Amino acid sequence: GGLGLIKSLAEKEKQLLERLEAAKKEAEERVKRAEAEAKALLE
Amino acid sequence: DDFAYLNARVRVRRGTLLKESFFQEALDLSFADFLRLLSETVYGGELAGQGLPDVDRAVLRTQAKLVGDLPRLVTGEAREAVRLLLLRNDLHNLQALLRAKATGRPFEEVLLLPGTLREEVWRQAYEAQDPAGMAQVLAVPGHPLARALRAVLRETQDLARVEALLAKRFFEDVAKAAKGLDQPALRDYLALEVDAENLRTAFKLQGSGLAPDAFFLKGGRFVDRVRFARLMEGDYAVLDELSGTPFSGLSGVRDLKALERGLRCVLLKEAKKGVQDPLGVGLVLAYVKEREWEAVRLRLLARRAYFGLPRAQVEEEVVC
Amino acid sequence: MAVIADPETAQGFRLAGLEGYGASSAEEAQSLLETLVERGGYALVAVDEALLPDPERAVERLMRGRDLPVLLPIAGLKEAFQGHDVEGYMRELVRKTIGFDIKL
Amino acid sequence: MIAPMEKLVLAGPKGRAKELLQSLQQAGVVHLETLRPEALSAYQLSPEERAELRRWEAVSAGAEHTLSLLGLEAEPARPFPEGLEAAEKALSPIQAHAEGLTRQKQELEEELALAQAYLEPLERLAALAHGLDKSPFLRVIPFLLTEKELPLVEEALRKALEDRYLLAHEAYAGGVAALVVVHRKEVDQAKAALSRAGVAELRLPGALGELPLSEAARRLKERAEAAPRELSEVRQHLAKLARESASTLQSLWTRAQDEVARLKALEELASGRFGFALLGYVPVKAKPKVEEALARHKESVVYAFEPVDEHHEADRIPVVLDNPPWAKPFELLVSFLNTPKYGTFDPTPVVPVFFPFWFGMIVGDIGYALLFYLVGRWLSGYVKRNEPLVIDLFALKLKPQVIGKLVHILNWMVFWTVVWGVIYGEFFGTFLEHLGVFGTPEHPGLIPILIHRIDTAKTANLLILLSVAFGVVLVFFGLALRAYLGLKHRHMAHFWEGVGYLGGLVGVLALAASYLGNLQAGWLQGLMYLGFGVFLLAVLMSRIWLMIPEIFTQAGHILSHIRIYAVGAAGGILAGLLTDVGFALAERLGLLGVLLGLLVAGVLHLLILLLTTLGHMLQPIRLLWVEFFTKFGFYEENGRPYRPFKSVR
Numbered sequence: 018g019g020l021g022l023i024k025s026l027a028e029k030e031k032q033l034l035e036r037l038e039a040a041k042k043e044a045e046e047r048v049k050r051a052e053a054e055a056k057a058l059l060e
Numbered sequence: 003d004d005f006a007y008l009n010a011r012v013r014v015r016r017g018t019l020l021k022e023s024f025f026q027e028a029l030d031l032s033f034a035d036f037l038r039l040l041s042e043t044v045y046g047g048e049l050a051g052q053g054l055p056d057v058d059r060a061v062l063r064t065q066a067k068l069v070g071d072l073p074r075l076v077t078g079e080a081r082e083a084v085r086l087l088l089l090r091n092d093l094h095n096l097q098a099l100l101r102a103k104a105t106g107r108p109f110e111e112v113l114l115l116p117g118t119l120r121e122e123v124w125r126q127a128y129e130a131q132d133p134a135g136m137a138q139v140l141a142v143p144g145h146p147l148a149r150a151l152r153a154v155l156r157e158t159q160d161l162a163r164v165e166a167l168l169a170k171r172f173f174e175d176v177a178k179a180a181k182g183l184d185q186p187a188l189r190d191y192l193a194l195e196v197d198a199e200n201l202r203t204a205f206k207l208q209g210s211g212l213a214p215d216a217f218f219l220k221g222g223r224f225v226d227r228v229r230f231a232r233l234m235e236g237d238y239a240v241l242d243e244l245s246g247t248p249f250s251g252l253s254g255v256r257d258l259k260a261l262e263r264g265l266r267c268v269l270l271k272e273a274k275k276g277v278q279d280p281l282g283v284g285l286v287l288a289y290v291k292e293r294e295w296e297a298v299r300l301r302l303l304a305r306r307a308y309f310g311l312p313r314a315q316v317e318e319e320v321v322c
Numbered sequence: 001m002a003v004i005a006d007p008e009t010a011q012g013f014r015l016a017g018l019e020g021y022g023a024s025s026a027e028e029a030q031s032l033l034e035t036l037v038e039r040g041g042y043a044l045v046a047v048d049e050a051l052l053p054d055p056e057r058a059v060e061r062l063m064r065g066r067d068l069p070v071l072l073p074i075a076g077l078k079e080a081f082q083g084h085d086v087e088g089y090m091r092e093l094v095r096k097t098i099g100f101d102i103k104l
Numbered sequence: 001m002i003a004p005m006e007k008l009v010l011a012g013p014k015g016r017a018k019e020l021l022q023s024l025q026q027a028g029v030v031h032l033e034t035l036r037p038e039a040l041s042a043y044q045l046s047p048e049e050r051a052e053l054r055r056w057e058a059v060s061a062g063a064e065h066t067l068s069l070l071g072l073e074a075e076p077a078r079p080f081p082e083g084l085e086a087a088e089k090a091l092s093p094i095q096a097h098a099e100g101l102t103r104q105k106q107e108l109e110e111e112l113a114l115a116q117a118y119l120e121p122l123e124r125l126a127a128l129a130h131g132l133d134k135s136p137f138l139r140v141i142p143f144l145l146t147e148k149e150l151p152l153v154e155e156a157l158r159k160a161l162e163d164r165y166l167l168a169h170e171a172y173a174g175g176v177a178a179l180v181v182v183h184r185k186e187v188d189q190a191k192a193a194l195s196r197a198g199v200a201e202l203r204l205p206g207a208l209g210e211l212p213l214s215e216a217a218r219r220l221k222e223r224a225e226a227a228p229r230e231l232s233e234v235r236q237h238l239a240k241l242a243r244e245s246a247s248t249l250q251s252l253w254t255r256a257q258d259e260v261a262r263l264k265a266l267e268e269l270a271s272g273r274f275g276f277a278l279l280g281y282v283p284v285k286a287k288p289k290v291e292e293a294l295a296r297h298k299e300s301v302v303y304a305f306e307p308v309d310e311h312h313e314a315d316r317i318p319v320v321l322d323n324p325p326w327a328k329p330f331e332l333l334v335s336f337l338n339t340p341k342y343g344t345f346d347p348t349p350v351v352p353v354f355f356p357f358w359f360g361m362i363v364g365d366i367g368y369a370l371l372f373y374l375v376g377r378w379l380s381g382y383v384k385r386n387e388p389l390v391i392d393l394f395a396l397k398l399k400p401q402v403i404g405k406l407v408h409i410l411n412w413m414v415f416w417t418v419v420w421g422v423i424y425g426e427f428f429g430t431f432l433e434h435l436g437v438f439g440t441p442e443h444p445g446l447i448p449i450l451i452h453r454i455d456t457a458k459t460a461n462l463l464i465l466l467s468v469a470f471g472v473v474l475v476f477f478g479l480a481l482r483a484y485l486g487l488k489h490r491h492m493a494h495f496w497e498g499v500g501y502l503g504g505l506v507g508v509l510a511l512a513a514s515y516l517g518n519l520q521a522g523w524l525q526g527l528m529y530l531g532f533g534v535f536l537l538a539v540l541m542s543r544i545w546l547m548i549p550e551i552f553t554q555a556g557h558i559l560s561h562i563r564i565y566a567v568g569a570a571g572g573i574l575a576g577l578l579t580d581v582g583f584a585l586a587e588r589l590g591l592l593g594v595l596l597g598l599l600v601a602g603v604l605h606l607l608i609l610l611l612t613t614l615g616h617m618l619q620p621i622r623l624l625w626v627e628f629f630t631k632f633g634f635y636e637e638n639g640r641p642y643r644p645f646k647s648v649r
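Protein chains in written order, with the deposited numbering: chain I, 18 to 60; chain M, 3 to 322; chain H, 1 to 104; chain N, 1 to 649.
So that you can see chain I by itself, here it is in the shape it has in the complex:
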């Protein structure tokens, strides 16, 4: 099915948007790790 191929494209775009959302979210998780390390180092 062609719109079932659109559905396979929906699984793939969930993978793409997953890489997007995990990247731009995991970056702020590393922001958390960085501020933890540096604030403890300052203290």
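Bear in mind the hints are in silico, worked out from the structure with no lab data behind them. Note that CB positions come from ideal geometry on N, CA and C, so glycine has one too. Incorrect hints may appear among the rest.
[Said to hold, decoys possible] Calculated from the model, a selection of chain N residues having no Cβ within reach of chain M, i.e. all distances over 12 angstroms:
hint, residue
1, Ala86
2, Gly198
3, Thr248
4, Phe431
5, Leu537
6, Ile551
7, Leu606
[Stated by the list, open to error] Derived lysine to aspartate or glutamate pairs resembling EDC-like cross-links, with alpha carbons at most 16 angstroms apart:
hint, chain 1, residue 1, chain 2, residue 2
8, N, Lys191, M, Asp237
9, N, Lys264, N, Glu57
10, N, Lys264, M, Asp257
11, N, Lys18, N, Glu210
12, N, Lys399, N, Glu75
13, I, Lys24, N, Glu57
14, N, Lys14, I, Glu30
15, N, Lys134, N, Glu215
16, M, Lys271, M, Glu292
17, N, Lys18, N, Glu49
18, M, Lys67, M, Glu82
19, M, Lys275, M, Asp190
20, N, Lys399, N, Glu387
21, M, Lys275, M, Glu292
22, N, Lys191, M, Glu48
Chain I is already provided as a structure; the job is to place chains M, H and N on it using the hints.
Relative to the frame of chain I, chains M, H and N by itself:
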């Protein structure tokens, strides 16, 4: 084709007309009395609410309902004749379309009043690369504007001088088609309109100093090109030279307001001669011009009631 | 330039080649006034008397400096049967201006 | 017959979509589809893509205007792969030189026209202006007017300065250059009075009606002496630029039209959120070419070629002919009509099967057949010349493919035409009067005529029966096609209607040949009763009230086939009358003006051929389109044709 089956509905619509006392009593109102009298009128059947713009929109809808059908319900030589009656709104829509294409505003900029062809054609004509392609998109078979704009289109791409020369060729081809019909009175009425428009261009261009032969048109019978140049110059004697023609009372006038008022008066008087022809098509043209005089009277009384005009302020509007 | 009176009034100005607006209520008149003030339009604004009598308010609140969009309390046509009572406007003007109303 | 025309989709990434779109436009063998509705984006490309597309479209428009001002026409060719700004730079210099040359040509042409319009008049008026050129006391009222009605303005001159106002008209007899001179202000008043009497000042445009008359005459003479060599050099440099840059402009216009078509095709995409899909239809015969195009996708991002729909509901299906090589040329006449409903009966084969047969039955002049053969030889030489046929007052511009299809159709017509003309036995009309090639018992000279056709006492009923049999057979074939198509679409209304109309026609022919025909109505009385019963039974099973009006209209359509035999007999009788008159007036009237009489008769025969044979051929295809299509319908919703990606080349 049948100039009588349409003439029966024309006589029925002629039965649906307001008298002169409907406006004479309307000389004193307060737009609520006028709203009630219009609510009695058939044109108030599309009466939406209160206000001048609602009144004008209802008048336009009533004009489309009672006058727009005359372009339909006919086929043949009678259709080719009756198409060239409600043609000023179509040429105005085409002129606004050319002005919008040359200007650059939105395609929904002008309000695009009702004419003869489909408005979807006018919407589709907003996007066209060639002017001849836009003419072919606007090409109806018996549309005189389609033949006029195509013949005038062999000058440039899109010019304002092209638009003015297209209006000149539009009046010229209208006169050519009016000569090219088997109608004893429609040719005379169209020629009277052509000579009046020549006089109107002369009075609007009096003192401009431009070339009158480039401004003067061909198709009239009441005036001369030398008379046209004399009207182009500051000589009201040429307007006094109009004796015996339908331009009788148009004499001793220099102000264009009362001049075109009397011109419209002479045109409506010539249109009153259309009741003599109950078998041709000029009776329907008389009905259309009667609805036009009613429409001018309606928007006039509407402005008078909405702005509180004096009776003397519009006394020169209902003399005929 | 720009004016605000009424759509029926403003279409004459747009026919002049002059930017028009039109508001039925006085608050919407200050709304359109505020609109053309924020969208600083060539420095002139005329306002009808019937909507705003003394339309200095939006420019003295917003464009306190530079004096640029010149305001005019213009007369409206349904009221221009009367003719604004120009003398009374002038008396009101000098009384607003130097405080001291007298007779000319 | 129409092909399978399967549907197909694919998807990938967006840049992958642009690359695959460029390939599938290079392999432009598939019509597209919208597929807007579900689970996908609108695939609005980019504002940057919109700007580049507007730039390329303006480039194509500028190339079109450059060819127009050059006068050349847009001929497709192999494109020029170049950058957009680079192609713009290549366009801009030639377009600038062309625009400047065109404006200079228009200006110099109008200037030479206005100079030649008043050259000698300005010179004679300047020779008359040897005593007031710019004298600050008296104006110079010039009027290049009509013939010597000089007293009509001399009345106003008598109203002017009476023993003064030097006013005469010297020369240049195309217009009497009435020059008057009195003063400044009184002369202005007198010019007003003379214009009231009818007068005009020599007001030229530019500077000639704006500078002093001696200086205007010098400038006009200078422009008149200079304009011819300038116009010749302008035309020469314009033609040189055209012959130097037309191929580059054409390749640029081809590449620009290709890129613009690719951009417009990019508007029809179906995005998948940083990824994109596309779908459409294409025939089954190019599925190998479709796969060969599909290999160029990045990992061949998967294209699926799914099957087309059934007899129900295939309206966005593309349409194509797909005829045989024998049947390929017949499609051009069928192209004047619309397209089918994707499962309808392609009647294109019966067109070449019967139209040439009825055409050969129509015209039986072997000399006119050889004239058509020589005309086809001339057209074939034009085709071998590989030039598009251009007919100016006929406005007939033709590529060689349509002309070759016409020539093949003409040869296929002429074969059966010569066959039936040998059957009628007529060489350039009745040459058997002069050289008795046809054989009758009245005067046997040579081989006998199968159809004598000069005598109708033995041949007319046979010819009418032949026409009626061919017409009833075609009517049976058309009603059978209607019923078979109603069975194929499984809509019993159309099939039962075709069955009832066929039964009514059969019973009508049976009752006609029984009552109005011969005797012995026993073998066909039950036949007519069965036809009437079939008509009534299908009327009950149909209930459409498609009345005896419909049956009588079908009957008239069947009976109209005798017009073929009618027009054939008419043309034959006319040709025989003209040939007998020519042979008599040549040989029997003297036997000496055989050249003059034969030439006049052949010229009249050529005039009659030019007046008759066009409509004579037209009546067969008119009968074909009016019968074979109309019994089978062929007037339902017109179909949607195969509009693949163009790649105009």
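Status of each hint after checking the structure:
no.	hint	result
1	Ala86	holds, 24 angstroms
2	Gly198	violated, 6 angstroms
3	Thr248	holds, 23 angstroms
4	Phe431	holds, 49 angstroms
5	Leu537	holds, 41 angstroms
6	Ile551	holds, 30 angstroms
7	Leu606	holds, 37 angstroms
8	N/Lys191 with M/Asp237	holds, 14 angstroms
9	N/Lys264 with N/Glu57	holds, 10 angstroms
10	N/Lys264 with M/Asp257	violated, 57 angstroms
11	N/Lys18 with N/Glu210	violated, 62 angstroms
12	N/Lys399 with N/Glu75	holds, 12 angstroms
13	I/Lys24 with N/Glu57	violated, 36 angstroms
14	N/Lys14 with I/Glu30	holds, 12 angstroms
15	N/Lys134 with N/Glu215	holds, 11 angstroms
16	M/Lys271 with M/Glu292	holds, 10 angstroms
17	N/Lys18 with N/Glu49	holds, 11 angstroms
18	M/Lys67 with M/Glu82	violated, 21 angstroms
19	M/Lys275 with M/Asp190	holds, 11 angstroms
20	N/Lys399 with N/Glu387	holds, 8 angstroms
21	M/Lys275 with M/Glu292	holds, 12 angstroms
22	N/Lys191 with M/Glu48	violated, 60 angstroms
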